[PDB]
Amino acid sequence: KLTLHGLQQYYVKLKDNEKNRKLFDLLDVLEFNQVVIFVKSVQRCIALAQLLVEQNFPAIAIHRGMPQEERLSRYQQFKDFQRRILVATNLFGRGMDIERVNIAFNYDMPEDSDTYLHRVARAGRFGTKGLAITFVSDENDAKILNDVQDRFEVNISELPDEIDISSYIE
Amino acid sequence: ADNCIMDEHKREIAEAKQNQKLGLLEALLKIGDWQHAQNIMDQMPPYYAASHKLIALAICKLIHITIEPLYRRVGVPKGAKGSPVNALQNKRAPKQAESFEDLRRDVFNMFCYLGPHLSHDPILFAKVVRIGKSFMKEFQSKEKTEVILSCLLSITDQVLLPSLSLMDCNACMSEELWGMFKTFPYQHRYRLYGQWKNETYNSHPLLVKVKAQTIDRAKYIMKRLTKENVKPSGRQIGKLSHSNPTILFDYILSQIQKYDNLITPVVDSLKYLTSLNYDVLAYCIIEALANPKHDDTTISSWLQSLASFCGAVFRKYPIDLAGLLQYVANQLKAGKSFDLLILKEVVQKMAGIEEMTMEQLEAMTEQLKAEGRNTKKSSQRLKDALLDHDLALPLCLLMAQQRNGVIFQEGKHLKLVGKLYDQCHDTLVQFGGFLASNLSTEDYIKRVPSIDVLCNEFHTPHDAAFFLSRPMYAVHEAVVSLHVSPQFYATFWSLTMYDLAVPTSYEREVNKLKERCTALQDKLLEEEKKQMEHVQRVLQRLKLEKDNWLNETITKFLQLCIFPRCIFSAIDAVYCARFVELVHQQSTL
Amino acid sequence: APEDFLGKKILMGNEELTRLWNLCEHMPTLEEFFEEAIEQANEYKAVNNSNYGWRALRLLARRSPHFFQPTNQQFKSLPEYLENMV
Amino acid sequence: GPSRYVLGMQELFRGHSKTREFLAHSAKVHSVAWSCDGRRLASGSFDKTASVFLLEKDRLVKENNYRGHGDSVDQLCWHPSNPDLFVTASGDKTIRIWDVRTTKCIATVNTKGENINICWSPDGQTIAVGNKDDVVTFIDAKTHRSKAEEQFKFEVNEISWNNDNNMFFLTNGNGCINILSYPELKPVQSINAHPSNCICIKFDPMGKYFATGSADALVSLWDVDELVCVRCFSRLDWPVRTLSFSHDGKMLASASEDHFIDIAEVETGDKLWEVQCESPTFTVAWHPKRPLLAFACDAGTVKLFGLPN
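Chains as they are written, first to last, in the authors' numbering: chain H, 256 to 425; chain B, 291 to 308, 343 to 465, 473 to 623, 629 to 690, 694 to 704, 707 to 713, 720 to 758, 761 to 823, 860 to 869, 877 to 895, 899 to 908, 928 to 964, 971 to 1006, 1012 to 1014; chain A, 418 to 424, 429 to 445, 458 to 474, 482 to 526; chain C, 30 to 327, 339 to 349.
Among the hints, a few may not be true.
As the list claims (entries may be wrong) - Below are the PhoX-like pairs computed for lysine-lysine, each with C-alpha atoms no more than 20 Å apart in a straight line: (1) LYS231/C / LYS405/B; (2) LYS473/B / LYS429/A; (3) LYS907/B / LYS277/H; (4) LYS385/B / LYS231/C; (5) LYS976/B / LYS943/B; (6) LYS652/B / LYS277/H.
Unchecked claim - The following label-pair restraints were derived from C-beta to C-beta distances: (7) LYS295/H / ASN560/B: 25 to 35 Å; (8) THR595/B / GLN513/A: 55 to 65 Å; (9) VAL949/B / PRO510/A: 29 to 39 Å; (10) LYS334/H / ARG951/B: 52 to 62 Å; (11) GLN513/A / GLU694/B: 28 to 38 Å.
Hints were generated in silico from the structure; no laboratory data involved. In this text, a Cβ means the ideal position worked out from N, Cα and C, and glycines have one as well.
Could you build the full structure based on these sequences and the hints that come with them?
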């Protein structure tokens, strides 16, 4: 069963249009091995992937509008450290079995607590520390964050200006 | 008014932490006047004078005008024209240098004032580097020479290395400096590297800006590159290294030891570094191993990652590993046996030495042992580094006793000490094998003292003593030396397994059955017949020895012959069994 | 003034490396090791710790000719065998 | 501020920034070089021909297309003091000397095979042609007889002369540049310059500097008198394929495998106009008189950059 002990979860309150720029700021400060960014649709996913490839960031997109074999091929290319950022609308469950993953951006809000858990929680073998950052845009974000805190008994504090380096990286 | 100058210098320092005087100076250096120029430059902040472009250009013009004769005579590059400087006509001139002494006094006095502002004139950088290289390769190939060498090492650390840190991306000025740097011993080179890493970037606000920019660009391309695109990204790191190798390599080493992946992309992107940058990368590896936990009941992951990076980067690129072995030997002298790990990796990665089943075990008991080159150039560098600095015997004799020091001096949990002793013993065995392989009877017999000297003087146990002495032999005096039946003691500890029981024809015919293959099979059969004759001849001399060989009669034999031998290594275990059974059988019960 | 840069002390600019370069048996022999067992002869004694009992068995291998001796009396516990061999 | 010269040239390029293309051949254009004065411009193509354009006012017309070769033409060079004489080194193991005044083959010389790069001695007396198996042949330009041959055992990419015609510069793929004494060809020096291959070398018309390009996106500007690397330009990202010096030596234009050509001031090295269209370039030349430059990017066509708008 997926657990949440060993993951740091924050939130940032902003608009909907500023979620791109703000994201870049994070990728300009936070040190990471591989970053998985979750969106809600395929159009926004392809737009974000193209916007990241327009930058020097190597980004690969795995959305729900793909064949299963293509999804597996792209996920295997991403597992071999061939590309850093993975813009995924969803996964195949089982948490996140990729040990190299450090940061997880909830660019959009998931459906319910099971979705937030499958997005945040991991199922690795050696890597127990990691960071998860969810963007807050309206009151629904705060309500679902409170629901997550009530269901999983976790803490979702506000993101400060400085983060400890060894707190989420072993 | 000389005070607004101090205020503006304070401003320059502070903003980075977050004129008739100079008009005279430029016109006072323009004719001949050096003494009054010194008097003017001393009455202001340290580098406020040469911080401007005009004053630095005037000082450099004066310097090369005074230095012209020495350079024209002993420093012009082969196959150039050169620009005669037409020395100045004043009688108050600084008396142009002629041979390495007037240079010393006047030119070093006038170089002290420049600092990291030689970058305005790269022509003087080259002239001074060439003069230094000529002086080194001439004189060092002596009190005055020692003083000149010290002054040259000071001029380097003060002017040359900081000025090389402000040139944007000079891959040629980093390969011109290493024309002179390849003549210093590695201790002076490491001094200069440590000083211009830890001290020059603190002062000199321009150097602080350069450090900030280099760390920024290093953070940029590191989190960004791929496993896919290596060397569209090796070029960026190459340029950053041409600029500031110390900072760049320190940051990327931190990243390597932190993430423990992305180590192969990095040891692959380090393809466009200059030789000076390889020398600086070696020092950064050493420093990252030395300065910084570290136990956590099991050897830490960061040390394993550093060791893997070191093995890879020393196997791939020519990096002149001399400080690494001396550092490992010093750590052993200090009583710490963890860095032996990385040493193992080196000997394991750039020599192809690398549990085993009975098939390969019998094969390891002379072509089958080499079977089980791509490591004919790296092993050459390893052997050269071992022979030049005389580090084979010291390292072996250090491990031989440090294996006891690990367990008894506690240098816990009873599971960490076991693995550490195991690692030390295995590294000793592997290094002794490498030496016996590649330092042949010539270097071996000459640089390995006899057992009469080892156990008596260099406090070494009998096991490692005989392990190192065996290749020299390939008796009564040796026995009396070892005890201080003695003949039995020497006979047992001298004979290996290879000269007691012959294999190999099966696997030989399997692998052979192809002109090269046929030639290899013929050579292997020749070796097999030679070993047959070897075993026959060895068993021949055994009879008369058995005649005069010899309760607790076997108990002394049992412990001090069987136990260390059988415990030492698996081949030694099979030998210890075969010996007793075959020879001692033909008291056994 | 750059009158002299070096000295005979190898500096090795890094201050930690300065210590290593300018820096420069292991068997207590049966009496410097124990030093207590004879003086203590079992709740919190010294022959109740394996981290010492293991090293005593590693030391009794090189010396103490009564180690490989055929005792064969089936001593129930290592502390019993170890105290008799001191 | 940047400089006075940079601002002046930026004004000139603000007024004159129209690039126009002209149809040369029916295949990939390998090399394009200008005349001795600057009226004619020739270009050699993969369709084993060499076209010759006449620069009239602002657009250059097609004067002729010289036919005949056994393989693709890899390099062109014009006589350094004769406006109507040039040489085309091709595959097919030959080198032909064309005349523009009468449109006829003046001479043909058979070499040891697979020529790549040539240059004409700044006197106009000897032609040096290197081939794909690192052999450099020295031919007498007036007698059309091979007078010297040299094997080097490294890989020599591009060759040049001291421009006083008393030294010979080769660039070896190991990352060095070799200097030989010309009139009696004996190796004089080797300069370890770049961490990787040296692909091109050019001498500016004035005689102060010479520039080399490396296979790691570096251009280095060596000083001819003292052989000192003064400054390195690093704004490309791919191996530098071609260099050129302006008609006076202040501007240097470099083109490589990434999407734009860049002009840089020689004295400062900071930056100047950069032309960004598409289709990585591999051959670039300036004009001997005017400040307008031709190039061949990416069925083949020659583009200009300068006068009109």
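Hints the structure violates: just list their numbers, smallest first. Of the numbered hints given earlier, those the structure breaks are 3, 4, 5 and 6, listed in rising order.
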